[PDB]
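Take a look at this single chain, the form deposited in one PDB entry, given in structure tokens.
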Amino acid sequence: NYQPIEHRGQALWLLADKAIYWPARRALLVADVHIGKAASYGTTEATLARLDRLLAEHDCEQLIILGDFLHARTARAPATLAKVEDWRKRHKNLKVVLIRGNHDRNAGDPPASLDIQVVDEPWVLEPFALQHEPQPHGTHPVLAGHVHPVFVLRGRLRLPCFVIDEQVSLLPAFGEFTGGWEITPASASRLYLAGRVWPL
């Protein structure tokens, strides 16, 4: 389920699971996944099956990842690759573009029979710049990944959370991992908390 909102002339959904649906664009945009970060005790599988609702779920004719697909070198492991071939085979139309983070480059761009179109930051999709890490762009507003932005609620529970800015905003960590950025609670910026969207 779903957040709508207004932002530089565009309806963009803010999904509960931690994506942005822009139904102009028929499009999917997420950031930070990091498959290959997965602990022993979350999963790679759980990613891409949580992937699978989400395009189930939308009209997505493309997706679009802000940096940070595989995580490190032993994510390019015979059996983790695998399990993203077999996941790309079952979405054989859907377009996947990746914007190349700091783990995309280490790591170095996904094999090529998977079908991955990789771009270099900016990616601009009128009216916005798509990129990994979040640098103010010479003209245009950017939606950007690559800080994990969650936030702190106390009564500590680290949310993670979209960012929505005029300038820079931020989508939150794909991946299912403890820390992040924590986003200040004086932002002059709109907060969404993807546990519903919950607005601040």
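Here, rigid core means the biggest group of C-alpha atoms that superpose within 1.5 Å across both forms. Residue numbers count along the first chain shown, from 1. Compared with the form deposited in another entry:
In the core-aligned comparison between the two forms, the C-alpha of 77 is the only one from 118, 114, 124, 77 that shifts by 2 Å or more.
Relative to the superposed rigid core, the position of the CA of residue 177 differs between the two forms by 2 Å or more.
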Given for the second form:
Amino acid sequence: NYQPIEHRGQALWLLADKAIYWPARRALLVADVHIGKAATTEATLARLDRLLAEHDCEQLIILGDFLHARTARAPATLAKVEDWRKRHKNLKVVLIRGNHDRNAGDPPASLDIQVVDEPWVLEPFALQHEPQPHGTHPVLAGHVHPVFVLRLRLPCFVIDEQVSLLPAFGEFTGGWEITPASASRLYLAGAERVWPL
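With the form deposited in one PDB entry already on screen, would you show the form deposited in another entry?
Keep in mind that what follows is only the chain, not its partners or any molecules around it.
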């Protein structure tokens, strides 16, 4: 399931697997994948496989935090990421780098993906990892792992005119808690559904 919304003149599909499908651009957007981070690698790639099979995607765009830290990521993470990519040979991939990605020297060239530094404008949005305001464009960003507490922390889409937050696609603990008092539009991701609050 997904929740169709209209944002900055664009239809966007908030997906229950913590991702955004952008039909006009045939674009799948994810943030904070952390490939190779344990709760592993095979499971994160298989979820992407399913999203790619469910929607007509010509490109995948990663809003930073692609690979988990080399010294702590699951063995051979890099290898089957490479197999996965060339299994999706016709898919265009773009990593928008945050501080961790750029410091790590990610991605390796053998992955055959595109790499830019935040912000990268793709009209009408400035795409970023770090959720800081942009002077000319509305922002889609990640990095803080937004969650909402029910009673239970659930990943949360945060849709806002200035800076919108995608929930982390990959494993994480804690996360920046979005309070009920938020002025933004909130959508919870969990149990295969998206829940507008």
